[PDB]
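Have a look below at one chain only, the form solved without this ligand, in structure tokens format.
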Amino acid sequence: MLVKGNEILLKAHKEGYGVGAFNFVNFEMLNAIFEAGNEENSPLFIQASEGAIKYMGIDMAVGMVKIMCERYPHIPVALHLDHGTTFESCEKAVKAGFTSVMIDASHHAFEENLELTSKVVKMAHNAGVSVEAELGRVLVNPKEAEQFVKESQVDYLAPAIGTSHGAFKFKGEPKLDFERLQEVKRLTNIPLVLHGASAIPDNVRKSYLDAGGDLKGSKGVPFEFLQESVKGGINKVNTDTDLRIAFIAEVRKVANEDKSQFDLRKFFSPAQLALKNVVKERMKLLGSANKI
């Protein structure tokens, strides 16, 4: 059941909890996410990257979501364009039926970022679609964020607040700038979004490594990081990496333990279950559980 992204995030903003934004690239991922939402009674914020959209076809991406909505008509669902890179991409998503689009111009200077973002906002808003943007600079400047939000009229903002991600990659340990987050929150007074905050739960790790996987290069932030960010004003937490690892861990396991197995269901059923549980735990962690 598709609704504006802002309808879900404004509630989270007002009531001070976080909503996991879960990516999907096919049916297996989508089904697991919906079942998680159903079992935890949590609103659903579903994300599709530009790569995922090319992979599925925007018609199949939206099509599958609409089908799942009819299964669980009681669950609020926002279909979100994850990291749109062009106005045309966001435009296509809007026409396709997305209820939320992100335009990422955070790698550009303030003025150009504001220009492109404002352009997307005008288009999306005219079609009743919510918009997300990103802003940094190194950590974001709260007063810059204030002006950016005011002039762009974006619905939610992803501020650079400690994660090594996108145009704000750094060398060393990621650290949540809590006070900076609170300042941004106070000055903007809109839902805030957290990017590049992969948690890699212990059990998920262990499942992947047990299946012969290698995670050297994928180190996650503590659960405390996510909890503190939510207390700081974060209302949307992008979740993809954690889903992939749990999913593929099971795929590797099945391959290892039975060389003669080629029934897709045998691979992807456990994979779905693992992914579903990650989503469920994330919903409880962020506080979106029992919010329906």
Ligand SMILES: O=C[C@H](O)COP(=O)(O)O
Second form
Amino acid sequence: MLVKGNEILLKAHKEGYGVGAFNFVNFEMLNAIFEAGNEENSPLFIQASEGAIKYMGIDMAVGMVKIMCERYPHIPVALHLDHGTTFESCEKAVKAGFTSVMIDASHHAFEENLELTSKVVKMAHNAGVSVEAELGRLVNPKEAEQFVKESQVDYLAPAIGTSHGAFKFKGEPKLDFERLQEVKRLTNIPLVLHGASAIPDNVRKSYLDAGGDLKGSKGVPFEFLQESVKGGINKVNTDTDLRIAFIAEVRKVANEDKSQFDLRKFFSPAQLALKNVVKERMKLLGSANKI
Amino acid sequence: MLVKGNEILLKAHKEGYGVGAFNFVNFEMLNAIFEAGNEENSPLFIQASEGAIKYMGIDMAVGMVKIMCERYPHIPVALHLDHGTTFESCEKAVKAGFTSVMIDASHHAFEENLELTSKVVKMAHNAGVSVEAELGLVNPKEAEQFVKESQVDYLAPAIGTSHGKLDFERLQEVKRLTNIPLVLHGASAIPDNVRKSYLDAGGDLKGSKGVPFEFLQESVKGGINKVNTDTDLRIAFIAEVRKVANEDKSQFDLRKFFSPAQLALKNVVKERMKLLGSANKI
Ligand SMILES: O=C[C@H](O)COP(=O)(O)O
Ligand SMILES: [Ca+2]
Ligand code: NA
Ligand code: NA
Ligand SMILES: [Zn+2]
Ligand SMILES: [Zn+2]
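So that was the form solved without this ligand. Now I'd like the form solved in complex with this ligand, please.
Next comes the full complex, this chain leading.
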């Protein structure tokens, strides 16, 4: 059922596994994510950016998820506001029915980040909603310790070297695992890895074969994702991988049959490829068979 | 809010205009249809085929429409099962919250088409749901009898489309004898700008030629009140999807594909609402 974010991540934290947090912007993405969770017996973090919420309407974003939760009532699901930029946005998400909100004030200085995070936390906890914040313009583990203690935030995204999107590394993949472990030891709460898409080889091949361009793309190696979870990561934000796999199949259908305009013929295969990315990621991170 | 199909079509029947019945398979199609209805101040018939229901799940098809109705509470909206093939299909749609169901037995002989339609009507009317049937070109006196015995709310008579040249005089006869709202199937009108968009994007239409706008106008003048529209929406939508794919091989943000696709679909709907005469009827 639809549950407070901390309910899923505290179990992940206690048992040391990672739960993918999968973005969606419409029905097809949402359905494939849920079918993956059903097929791998995995709890689900479903998240929506402010852009996705604008695109869908917050009423549709929450409404579709509630329909899917009723369709799969045995699956623990948290609905999470990804990269909330203001108190008011986090408050709107709470009022609408989100069960987790992220407030991203990591571009502010420490005191202003902590001040706004603490304000979001009070509002959210008053409503039974868990809260994520972010530290790292890389994270300072002693700042993280104080930040978590004073804010009462439920989970923290410490910056250890990732970034959003398909172009994460110009050199060798490198994540500061010693820093992650220090943060984990000093905070002892669930941690979040942003920018955690891997761009798997088969997703890349699918995309390029359909005529796409992924020049210079590099994701987090699978081994780095697994080492992140060993280091204490429990929420693993994933979006780019889903988009590439989905749009690869759309491009393919368009290439292979110029007369095709049944939307289902484009989006059924796209859903299948996205679903398969999620199922593999659930296994990799350790959330498979955790229901 | 959601209302019975017949409440929308009774008005169009009385006042002699046509209401587009617009198919959807997902959120993007549904949002664009609703925005068009909001922008043209037009009532909405929202249609879902059996294939679309299988694709979305009936719980999501109804659920999304209910959300959209609450977003635009002033717009009259009927949720219609398009080309239901069996009693059980129509009954499931009734139970899920559809406010209109169509049973297509037009491939059967008159006697068999009438008994099945009649069974669906009993069930649907018990639940407060309007019923469409189909009958084929049609013999107006058989249509007269069909409608009186079945008590169906609206009829799709075969009157010239190649489905499942407009026979205007036949259309008028059926209208006179049945005096109920009538439905036109298989009359998408691939507008010139939609055809150009699809081909400009590398699409292949070839042979698939739309029935002209004057055909739809004449049909409403003859008594057509519901105009099923689906093909035209898909072509406008996918034209823009193909276009984005062509023009940026690095683009994989779904919203970059589907926001222009929604706008193109929405504009097809707004134009059709004005063409059929449902604009400014709220
Ligand atoms: O919010 C972070 C996601 O990975 C990107 O989502 P967005 O592009 O919809 O903001
Ligand atoms: Ca940030
Ligand atoms: Na987040
Ligand atoms: Na129909
Ligand atoms: Zn982030
Ligand atoms: Zn038909």
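Positions refer to the first chain, counted from 1. Only residues modelled in both forms are compared. Whichever C-alpha set is largest while still superposing within 1.5 Å between the two forms counts as the rigid core.
Fix the rigid core, compare C-alpha positions between the two forms, and report which of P174, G97, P201, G213 shifts by 2 Å or more.
-> Going through each option, the one that shifts is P174.
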